[PDB]
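Take a look at this single chain, the form solved without the ligand, given in structure tokens.
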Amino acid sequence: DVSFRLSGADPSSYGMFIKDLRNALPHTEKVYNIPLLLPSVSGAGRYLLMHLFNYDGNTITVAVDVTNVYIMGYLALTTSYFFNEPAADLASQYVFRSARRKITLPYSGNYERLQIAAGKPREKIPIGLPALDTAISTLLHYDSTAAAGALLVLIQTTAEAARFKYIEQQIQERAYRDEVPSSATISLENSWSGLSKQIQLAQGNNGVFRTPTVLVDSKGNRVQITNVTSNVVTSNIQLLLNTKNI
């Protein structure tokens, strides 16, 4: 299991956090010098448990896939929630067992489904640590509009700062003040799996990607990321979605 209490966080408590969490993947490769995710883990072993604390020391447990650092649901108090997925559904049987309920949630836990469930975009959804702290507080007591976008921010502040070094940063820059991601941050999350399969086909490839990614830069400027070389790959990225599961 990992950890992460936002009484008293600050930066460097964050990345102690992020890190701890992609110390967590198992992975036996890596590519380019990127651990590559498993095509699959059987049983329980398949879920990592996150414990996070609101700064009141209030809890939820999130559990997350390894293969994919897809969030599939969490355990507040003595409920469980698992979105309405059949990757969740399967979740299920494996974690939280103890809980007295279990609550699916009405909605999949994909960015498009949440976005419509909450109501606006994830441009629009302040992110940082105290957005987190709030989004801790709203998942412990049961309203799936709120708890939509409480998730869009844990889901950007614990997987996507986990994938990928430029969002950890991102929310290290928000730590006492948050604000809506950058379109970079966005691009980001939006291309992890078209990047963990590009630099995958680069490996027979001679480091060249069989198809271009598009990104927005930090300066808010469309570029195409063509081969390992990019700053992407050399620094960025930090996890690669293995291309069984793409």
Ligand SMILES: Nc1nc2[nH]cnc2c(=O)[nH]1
The other form holds:
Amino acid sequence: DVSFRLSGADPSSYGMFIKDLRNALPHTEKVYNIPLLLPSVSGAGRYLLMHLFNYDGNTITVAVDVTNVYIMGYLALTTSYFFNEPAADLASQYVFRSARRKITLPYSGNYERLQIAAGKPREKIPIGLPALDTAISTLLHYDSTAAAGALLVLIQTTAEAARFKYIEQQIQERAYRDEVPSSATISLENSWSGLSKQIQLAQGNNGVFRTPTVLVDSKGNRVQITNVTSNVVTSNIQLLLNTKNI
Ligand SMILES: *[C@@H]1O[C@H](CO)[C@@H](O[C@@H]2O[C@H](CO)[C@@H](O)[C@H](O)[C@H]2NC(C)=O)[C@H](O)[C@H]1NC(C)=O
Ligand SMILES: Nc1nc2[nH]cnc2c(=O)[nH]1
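Moving on from the form solved without the ligand, kindly provide the form deposited with the ligand bound as a structure.
In what comes next, the whole complex appears, and the chain from above leads the way.
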């Protein structure tokens, strides 16, 4: 398991947590020096448990699929909560077995569905450590509409920051003040699969992408990534989704 406490939290301990999280994902191989996540894992070993404590010490335990860093559900005191999707029900056979009650949320866990349930796109939802603390508190008391917004924050602070160094840095900047995500942050979140695939395909091709990836950068300018020599590839992306899942 991995842990993170918001009480006394600063940019450095947050950094330690994301490092712990990356190290907890198993991998057998590296492509261009980037851990390549596994095709699959059987049984309970497929799930990593994250324990998060809000400022006041209350806690929730979150289950993550180690093959794709997707959040499947969480435990709050004695009630477990799972997304409404096949992979999450599969996950319920292996974690939080001692939960007294199991609730299935009225949505699946993809951004499209979470944004509809929340009533706002994530372009309009502030993120940061203070926002993570509020999210943990919101999740302790069941409300499907408020939970959708809390999950959008939780996902970006923990799964997305693990996938990209830039997003991890964006969160460290928001350690004491929340701020909506930049356009580059959203573009990055949307291209993880695309990037992961082109980096894997670039191998037998001199490091050149079969088809270019279109992103929006920090200063706000559109851009094309065509080879593994680019910044995104050399210092941004930290984990690769296996092609057998794309
Ligand atoms: C690899 O990506 C780099 C950008 O990261 C590209 O290099 C550019 O390539 C040509 C000349 O090599 C120029 O027209 C571009 O403006 C270069 N940009 C730079 C140096 O910032 C290029 O797309 C890729 N390299 C190869 C060999 O395909
Ligand atoms: N549930 C979950 N959903 C996502 N939707 C987009 N990315 C993620 C993730 O990392 N976990």
